[PDB]
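One chain is shown next in structure tokens, namely the form deposited in one PDB entry.
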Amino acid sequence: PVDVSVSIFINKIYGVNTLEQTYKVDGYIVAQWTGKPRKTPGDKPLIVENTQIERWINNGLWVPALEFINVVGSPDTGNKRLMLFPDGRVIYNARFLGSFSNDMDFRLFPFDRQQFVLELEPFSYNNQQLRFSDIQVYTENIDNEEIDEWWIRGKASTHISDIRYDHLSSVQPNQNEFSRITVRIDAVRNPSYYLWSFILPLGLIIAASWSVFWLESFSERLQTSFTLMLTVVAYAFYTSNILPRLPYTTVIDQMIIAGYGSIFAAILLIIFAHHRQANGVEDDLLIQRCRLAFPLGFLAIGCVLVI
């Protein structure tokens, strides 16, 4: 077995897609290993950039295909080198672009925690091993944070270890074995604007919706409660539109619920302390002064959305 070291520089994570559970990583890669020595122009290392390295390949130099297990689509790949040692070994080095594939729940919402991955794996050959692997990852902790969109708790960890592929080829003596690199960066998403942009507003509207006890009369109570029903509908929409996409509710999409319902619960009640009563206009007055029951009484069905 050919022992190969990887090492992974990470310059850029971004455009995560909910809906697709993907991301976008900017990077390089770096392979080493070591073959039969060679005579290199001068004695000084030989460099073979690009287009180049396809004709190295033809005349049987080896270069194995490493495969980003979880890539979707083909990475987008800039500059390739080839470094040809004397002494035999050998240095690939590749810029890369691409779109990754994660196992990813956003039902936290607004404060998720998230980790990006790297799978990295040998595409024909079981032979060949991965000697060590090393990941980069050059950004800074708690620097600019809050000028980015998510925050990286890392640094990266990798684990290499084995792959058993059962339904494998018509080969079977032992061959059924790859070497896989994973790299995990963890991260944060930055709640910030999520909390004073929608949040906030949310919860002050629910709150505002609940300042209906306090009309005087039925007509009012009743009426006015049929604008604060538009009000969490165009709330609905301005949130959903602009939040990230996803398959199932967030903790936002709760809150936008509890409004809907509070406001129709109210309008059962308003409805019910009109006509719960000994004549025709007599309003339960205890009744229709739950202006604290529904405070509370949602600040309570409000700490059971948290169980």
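Take the two forms, find the largest set of C-alpha atoms that superpose within 1.5 Å, and that set is the rigid core. Numbering follows the first chain given and starts at 1. First, how it differs from the form deposited in another entry.
- Core-superposed comparison between these two forms: among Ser197, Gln136, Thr227, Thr77, the single residue whose C-alpha moves by 2 Å or more is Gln136.
- If you fit the rigid core between these two forms, you'll see the Cα of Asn176 move by less than 2 angstroms.
- In the core-superposed comparison between these two forms, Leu19 has its Cα shifted by less than 2 Å.
- Relative to the superposed rigid core, the position of the CA of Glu49 differs between these two forms by less than 2 Å.
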Second form
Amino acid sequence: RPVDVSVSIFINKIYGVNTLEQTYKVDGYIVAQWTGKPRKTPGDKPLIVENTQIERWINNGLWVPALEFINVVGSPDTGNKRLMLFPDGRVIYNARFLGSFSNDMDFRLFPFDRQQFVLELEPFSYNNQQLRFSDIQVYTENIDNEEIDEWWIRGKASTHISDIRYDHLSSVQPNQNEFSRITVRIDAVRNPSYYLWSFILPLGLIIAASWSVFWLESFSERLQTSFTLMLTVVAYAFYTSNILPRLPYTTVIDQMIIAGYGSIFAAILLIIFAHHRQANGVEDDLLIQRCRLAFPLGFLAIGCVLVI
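Can you now output the form deposited in another entry? The one shown was the form deposited in one PDB entry.
Keep in mind that what follows is only the chain, not its partners or any molecules around it.
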């Protein structure tokens, strides 16, 4: 008894990912098909009804169900819409849409994070004994030039009709609380190039160069230099944080920078220890030289151990 609705979603563009709000933008078309009481049309050719006229057809009692994007954020921008009314009953609703969609997004493995962009589609008023999603086709384009793009869409889209039971309701009438829901997934990974060459690498070099504090001859030389290195790291945290996506947690990159702060606070604790370890506050030429490429080892070891 429920109406069978066949859905097709064409996806043109996924862009404008907002990390903090955990949202992304989607431009595409949506197509919905169902069959009803047949109709006498001009000619026996199908009838086309564009935009403002659909309202009039609905006002004279044409059945056009809602279909709401569950995970949209604010009313999406709908472009031109179309009704194609067939004489043998059918009907097809075709409309373009631009919307901001929500999903959980874990950006902790940044800049090597994998995300999946999702659309969820569900009738607004009609349960599965009134309206049912029969099948979902999903269409995406084949991106020829990938570096142009920030994200690489890795796979064809996964689709799945399913059924949603709403437990807190108006009247239960025990079979009127389940809804048909299309769910669409598109997996993707971040193009990690720019973030490697322009942030990760320089932070490496600078962190390396921090260790060369030890190869200064004087103690005064070594300790005063640490303060300039300290500053370089502050400047660097400022650089990354101002240009990298804002988040509520530490990334790979954020960790490197805290490491940088420590390697420098560490050396300062040693550089100053050397100068008082032995009696006669003689600078301690034995301990330092070892640190010179022990640190580049010890940091390169206990720093090599995060896979969280």
